[PDB]
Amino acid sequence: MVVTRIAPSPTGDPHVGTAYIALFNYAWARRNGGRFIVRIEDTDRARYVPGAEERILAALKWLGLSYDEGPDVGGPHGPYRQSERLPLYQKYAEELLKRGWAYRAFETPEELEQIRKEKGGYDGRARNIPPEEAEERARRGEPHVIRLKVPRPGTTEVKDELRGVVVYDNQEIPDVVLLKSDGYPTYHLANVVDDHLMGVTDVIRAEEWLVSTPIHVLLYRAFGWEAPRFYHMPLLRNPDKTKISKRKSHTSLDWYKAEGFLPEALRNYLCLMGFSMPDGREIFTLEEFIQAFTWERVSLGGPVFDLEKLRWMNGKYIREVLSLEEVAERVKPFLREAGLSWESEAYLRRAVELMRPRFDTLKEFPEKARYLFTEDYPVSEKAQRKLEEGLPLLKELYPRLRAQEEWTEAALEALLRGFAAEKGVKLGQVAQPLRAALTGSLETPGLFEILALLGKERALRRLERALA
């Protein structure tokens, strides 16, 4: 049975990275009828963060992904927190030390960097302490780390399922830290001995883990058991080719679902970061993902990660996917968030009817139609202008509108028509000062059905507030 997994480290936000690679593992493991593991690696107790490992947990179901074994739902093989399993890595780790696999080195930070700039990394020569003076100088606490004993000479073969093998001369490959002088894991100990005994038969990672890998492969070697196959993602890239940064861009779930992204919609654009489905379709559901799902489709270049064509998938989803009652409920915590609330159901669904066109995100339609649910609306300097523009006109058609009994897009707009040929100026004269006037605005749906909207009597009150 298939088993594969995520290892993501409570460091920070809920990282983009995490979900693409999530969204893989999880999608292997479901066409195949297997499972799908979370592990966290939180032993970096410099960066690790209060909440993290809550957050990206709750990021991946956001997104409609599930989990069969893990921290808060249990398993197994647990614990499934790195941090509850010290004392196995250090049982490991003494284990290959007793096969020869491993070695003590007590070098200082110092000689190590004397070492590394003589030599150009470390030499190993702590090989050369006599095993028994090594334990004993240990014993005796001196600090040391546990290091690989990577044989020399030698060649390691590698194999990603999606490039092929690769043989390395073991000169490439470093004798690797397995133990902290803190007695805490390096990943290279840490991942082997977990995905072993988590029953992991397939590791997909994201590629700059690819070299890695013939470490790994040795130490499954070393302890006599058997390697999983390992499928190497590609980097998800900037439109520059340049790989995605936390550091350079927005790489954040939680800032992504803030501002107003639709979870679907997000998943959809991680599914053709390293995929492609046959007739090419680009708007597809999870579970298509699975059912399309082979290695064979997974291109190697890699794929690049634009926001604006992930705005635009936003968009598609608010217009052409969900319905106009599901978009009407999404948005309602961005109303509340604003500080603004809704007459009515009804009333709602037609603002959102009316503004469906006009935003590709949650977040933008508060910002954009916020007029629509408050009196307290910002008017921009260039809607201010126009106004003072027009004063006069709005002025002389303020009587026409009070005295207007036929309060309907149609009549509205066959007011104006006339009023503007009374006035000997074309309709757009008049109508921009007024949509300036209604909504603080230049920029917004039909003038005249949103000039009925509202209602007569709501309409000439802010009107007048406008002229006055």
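By rigid core we mean the largest C-alpha set that fits within 1.5 Å across both forms. Positions refer to the first chain, counted from 1. What changes on going to the form deposited in another entry:
Just one residue from the list 29, 437, 37, 60 crosses the 2 Å line for C-alpha shift between these two forms on a rigid core fit, and it is 437.
Can you swap the form deposited in one PDB entry for the form deposited in another entry?
FYI, this one's just the chain on its own, none of its partners or other molecules.
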């Protein structure tokens, strides 16, 4: 069967690049009735950010992906956190030593720096230390690393399923450190060992790892294991076309959630980075993505992540994909954050309904409809001007309003239409100042539904303060 994985490093906030790669691994595993694994790559204590792991796992679930094996769902090839697998890499590093595929190197970081300066890159000098001497120095406890002993001279073929074959000259492949002096493996060692042990057959990862692939092909050969298929996805980009970064773009999934973007919309947008539907359709479900997925429709250019298009898509989900009730539920946390309360479920549902076509993120709802939930709302200068100019007309209308018994959208419209007629004025000339009086803004939903919504008492109550 097919086995894919996402192997996040817990060294910062959940990254949109992780969600993107994760999404394609999830689709390829499901499209093939295979398994999608999550493996936490915490091998660098220096960059480890406590709490990052749970945050990335929760962000993956928030986006709607599910995995079959991982740190919090079990699996037969655990543990799924590399920090708990240390003895294993040790053993494999030592096996490479015995097979003549690796060597112990005792240089200090400062000497490596100097070598890098003189010859640019490590020159493999430790390959000349007699094997027995190396073993003795290790036994005495001398700090050292274990490096991959690249076969030189030589050539290494790497096959990427999307780009074809690339033949590297071994002189281009360094004798990379496999096991660090603190006993931790580097990414190269652990990735091959764990992909093998966990049975991965399809490695789908970002293009930034393409060049490291020949090192991996060599390790699979060194261990006598069959290499999996490799697919390198194009990197998401900032507007300037450089790989997406925290300074030129928003890369934190927590920022998107906090800003009121729907996980379904963000996920749908990410699918469009490099993939397209046969019929050109842009709005589709995760399940539809899985079913239509094919590497034949994956484009290789580096996609610029367009926040404006994400917002349009989010608005599209709010208006056409989710139900009125789902939107009302998702808007609650943002109302709470804004310090606003809603009278009842019916009130909230109706307010959300009136505003649906007017907000593209959940965060915008409390902002643009603030006047629907509190008396503490802003009155724009332009609305203040429309109000003053219409005060006399509103004064004359007020009594006809306090007299209206049936407070319905159809009733109110008739009363207002009539009033504008009898006053020989355009409906707008009475609606705009009234809107300003009820909302403190000149940009809102329809006057009748806004007038109706609050109910007689509340409506007039606010209209009165405006005529004060």
